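K.L.:
Residue-level listing of the chains:
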Amino acid sequence: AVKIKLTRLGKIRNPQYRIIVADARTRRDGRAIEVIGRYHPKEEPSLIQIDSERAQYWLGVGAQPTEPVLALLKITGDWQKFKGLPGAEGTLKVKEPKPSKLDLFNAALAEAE
Amino acid sequence: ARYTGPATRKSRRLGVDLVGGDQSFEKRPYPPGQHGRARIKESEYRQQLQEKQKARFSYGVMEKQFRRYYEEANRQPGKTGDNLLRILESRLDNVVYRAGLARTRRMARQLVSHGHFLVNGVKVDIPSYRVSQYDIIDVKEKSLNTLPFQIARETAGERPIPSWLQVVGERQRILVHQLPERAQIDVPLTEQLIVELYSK
RNA sequence: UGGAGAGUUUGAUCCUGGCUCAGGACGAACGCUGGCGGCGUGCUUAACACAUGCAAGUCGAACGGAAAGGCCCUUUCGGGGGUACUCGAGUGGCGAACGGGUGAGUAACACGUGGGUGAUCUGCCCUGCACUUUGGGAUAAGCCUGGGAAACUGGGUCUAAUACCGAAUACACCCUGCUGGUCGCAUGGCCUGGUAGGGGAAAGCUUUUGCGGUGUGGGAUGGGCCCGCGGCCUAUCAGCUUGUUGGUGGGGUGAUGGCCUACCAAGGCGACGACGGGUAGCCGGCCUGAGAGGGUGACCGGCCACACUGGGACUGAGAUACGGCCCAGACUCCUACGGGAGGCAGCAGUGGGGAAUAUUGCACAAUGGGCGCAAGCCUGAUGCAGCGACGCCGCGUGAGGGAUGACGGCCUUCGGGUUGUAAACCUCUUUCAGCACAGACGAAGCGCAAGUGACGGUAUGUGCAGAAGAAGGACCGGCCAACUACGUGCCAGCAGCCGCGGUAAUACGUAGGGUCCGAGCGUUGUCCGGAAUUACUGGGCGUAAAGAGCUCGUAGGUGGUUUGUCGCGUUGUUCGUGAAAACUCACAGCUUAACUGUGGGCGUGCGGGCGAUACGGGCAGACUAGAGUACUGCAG
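Residue numbers (PDB author numbering), protein chains in the order written: chain q, 2 to 114; chain e, 2 to 201.
In case anyone wonders, no lab produced these hints; they're calculated from the structure. Just so it is clear, CB atoms sit at the ideal spot from N, CA and C, and this is done for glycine as well. A hint or two may mislead.
As the list claims (entries may be wrong) - Residues from chain q shown here face chain e by an in silico Cβ test under 10 Å; the list is partial:
{"id": "1", "residue": "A33"}
{"id": "2", "residue": "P98"}
{"id": "3", "residue": "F106"}
{"id": "4", "residue": "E112"}
{"id": "5", "residue": "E114"}
Stated by the list, open to error - Under the rule of at most 35 Å between Cα atoms (straight-line distance), these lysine-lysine pairs were calculated in the DSBU-like manner:
{"id": "6", "chain 1": "e", "residue 1": "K143", "chain 2": "e", "residue 2": "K80"}
{"id": "7", "chain 1": "q", "residue 1": "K99", "chain 2": "e", "residue 2": "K141"}
{"id": "8", "chain 1": "q", "residue 1": "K102", "chain 2": "e", "residue 2": "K11"}
{"id": "9", "chain 1": "e", "residue 1": "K80", "chain 2": "e", "residue 2": "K28"}
{"id": "10", "chain 1": "q", "residue 1": "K43", "chain 2": "e", "residue 2": "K65"}
{"id": "11", "chain 1": "e", "residue 1": "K124", "chain 2": "q", "residue 2": "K96"}
{"id": "12", "chain 1": "e", "residue 1": "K11", "chain 2": "q", "residue 2": "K96"}
{"id": "13", "chain 1": "q", "residue 1": "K12", "chain 2": "e", "residue 2": "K141"}
{"id": "14", "chain 1": "e", "residue 1": "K42", "chain 2": "q", "residue 2": "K99"}
{"id": "15", "chain 1": "e", "residue 1": "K65", "chain 2": "q", "residue 2": "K96"}
{"id": "16", "chain 1": "q", "residue 1": "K102", "chain 2": "q", "residue 2": "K82"}
{"id": "17", "chain 1": "e", "residue 1": "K11", "chain 2": "q", "residue 2": "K82"}
{"id": "18", "chain 1": "e", "residue 1": "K124", "chain 2": "q", "residue 2": "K99"}
{"id": "19", "chain 1": "q", "residue 1": "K43", "chain 2": "e", "residue 2": "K11"}
{"id": "20", "chain 1": "q", "residue 1": "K99", "chain 2": "e", "residue 2": "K11"}
{"id": "21", "chain 1": "e", "residue 1": "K124", "chain 2": "q", "residue 2": "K12"}
{"id": "22", "chain 1": "q", "residue 1": "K99", "chain 2": "e", "residue 2": "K143"}
{"id": "23", "chain 1": "q", "residue 1": "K75", "chain 2": "q", "residue 2": "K43"}
{"id": "24", "chain 1": "q", "residue 1": "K102", "chain 2": "e", "residue 2": "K65"}
{"id": "25", "chain 1": "q", "residue 1": "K43", "chain 2": "e", "residue 2": "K80"}
As the list claims (entries may be wrong) - Sample of chain e residues with no beta-carbon within 12 Å of chain q, all distances over it, derived:
{"id": "26", "residue": "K28"}
{"id": "27", "residue": "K65"}
{"id": "28", "residue": "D136"}
{"id": "29", "residue": "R174"}
{"id": "30", "residue": "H178"}
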């Protein structure tokens, strides 16, 4: 059975994962058929990217997500779109962008004068 | 580690003043030790090495760090000499010193290492920290009333602040517009000699 | 983006030519010394022998059951019955072929890259269609009993199933005969072509988000087999081969095939190095280099091979079956001598070998995996921690002021100079350590329970005190930064080379001074560079090493002028591939950096299509300047 797993990357303290499609018999860090997203739980909103069409294709041929990957697929709405139960709603909480350094630079300059 | 021994020794050996305003170097501008008066044999290697020692004892950078800096500067697509000079100038302690907030580079390094400063809203205590464009270096509120910063904030008539830096706040804020170019560096010595030495 | 030289042959010179040195790197070891942190990394030798403990189980929603908890009836407190919540042992299913280790063997389709399969398999997973009918015989367990020291094992009786077995149906499938169309790349393939004959299965459970069984069509995944090309050293290894080379009929296999076999034919390979010998896991990569190239295969990642040694099959969708079976052998252990047991190259650990390489730690919290409807269980995979300056990176050991420049040391021309702004003193700051308080993220997770982090009360943050607890190593004649004194005298010793020791050594030993590095500094070992010193880039052969004694000629290499054509080389473009990681460019995140992530480039190649025809080549011609023949003379 081909499965949609999470392989581990990053250094010791900070695990950063890749959402890979691979056979269930291969090791965690083995060769991957495809890479269809990444997942970084160390961030405050825990960035999640999933390539929707490839995920749809791999679910269509019958890949089985693991529990963390199933949770992620529900969050991004891909799982619901594949099934069709509540609709395809994006529940993804994207990280709030940080203002530019130039904005703060001019703000400080204006605050000086 | 760090170099803690006498500072005047290096100035006397290298034939130039590195602190900037020291009277002992003027009193005796010749190398230290018993044989500080002997004539020397001339060798290109000696001149290149002394130029490198000047550079890395002005900024207080050890040899391994200096070699890393040279590799980084050579890798960059500019020219090696001014790239190395700008990398050396972008250090946090050097920025603090050129900002008029420290009489000498050693005390600037000591202040930075003690975490008396704060870059971009987050405490930084790393003398080798490199400073990028539009960087705001601030003194933390607790240490604003200390005597070092006191005498730094009431003697703002010393060495001019270079163009690429600008103190804007009465609390002695520092703003960095862009990384300095070779024209505005205003440093002793010759970068070409260092480049020649490190290609040997 | 990008190549640095120096010393040494001579009385002196130039050249040729070797030797040596300055650089970088390491899974390192050794000497002296040693504060901290982050991130990595650690038997390279004996694929030597292994004490001990863990490293593969799970399902009561398949089954008979009731050994242990729960509940309920009962009691003489010995206990007895029921229950099915639950569950030991047992039958049954799935897993155990993955994951983890090692590099012994292997010079090979093992590996890398690109193809082919009209010559093939694929459990679980997804998705169409059709079904899920009917009957039977046992047996484990239980009970009784026997043998044996033990391992283990015999007999009788008894019981269930999704265990096992017979039949029906299927006509989607398998085989055979005839037959149609169609595509080819020849055997052939396709149209589930048509048609006649024969034939091939299944299993129930559970009331709850309900799980299952069989055949068949198509996906997805994982393979198998064949082939082109590519990467070692050795003719002081020239012959090798007899199922060996090909055919036919059989057999065998999932599949083609001397894979096996009977007969037949006599082939097949080899100087483009067969057959032998030696060495070796291969690669992405790593180190070095200006590049070409050279060396290498540690970590991480892919493939292969093996699991005490050597053979063998079995079960299964799948087997080198590490923690399966059978036999033989060596070794270790038990034995009542009849017979039995074992396999660390899994994780720790022990002994041995060695210059040399670690804890018999914590947790399933995260990720991956197995079983289960699920809760859940298992997981020395993994996530962490411990130890070792083993490596990279970062930080500290204080900062400012401080003089006709104190003491001491050392040198002295006896004047003084140097250590030296160094010190003493006056202020300042506390990084890191120490103490106190608070205290994480990693978990939009898991759980229908109320909770859940091994790391860890760590990182971190805030207060407190005080410069307070924090520097050594090599070298100093030249290469090659850095010199004096005393001691010794061809000794003791040093040394990479040149060479230094003969009472006045800048070369030995020690002290002052100095220089280079710095929690390191040196030594040894190994590889690349310097080395244009194997020279493709990029060398040479009169006398320095180097033209065979000279010809003929085989394979090979190479080839005048010109016309047409092919598009093999060559060249342009496009598509597929060239895993990730690594490298490089840019950006982002760790207080910075190392490190990590993201997106390009790179992946120098190979396969398919399309374009070009100058050159090289092939094919078909033409020409005479090369080459040869003819004729007339000529010298020897």
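K.L.:
Of the numbered hints stated previously, which ones are contradicted by the structure, given in increasing order?
P.N.:
1, 2, 6, 8, 9, 12, 14, 15, 16, 17, 19, 20, 25, 28, 29, 30
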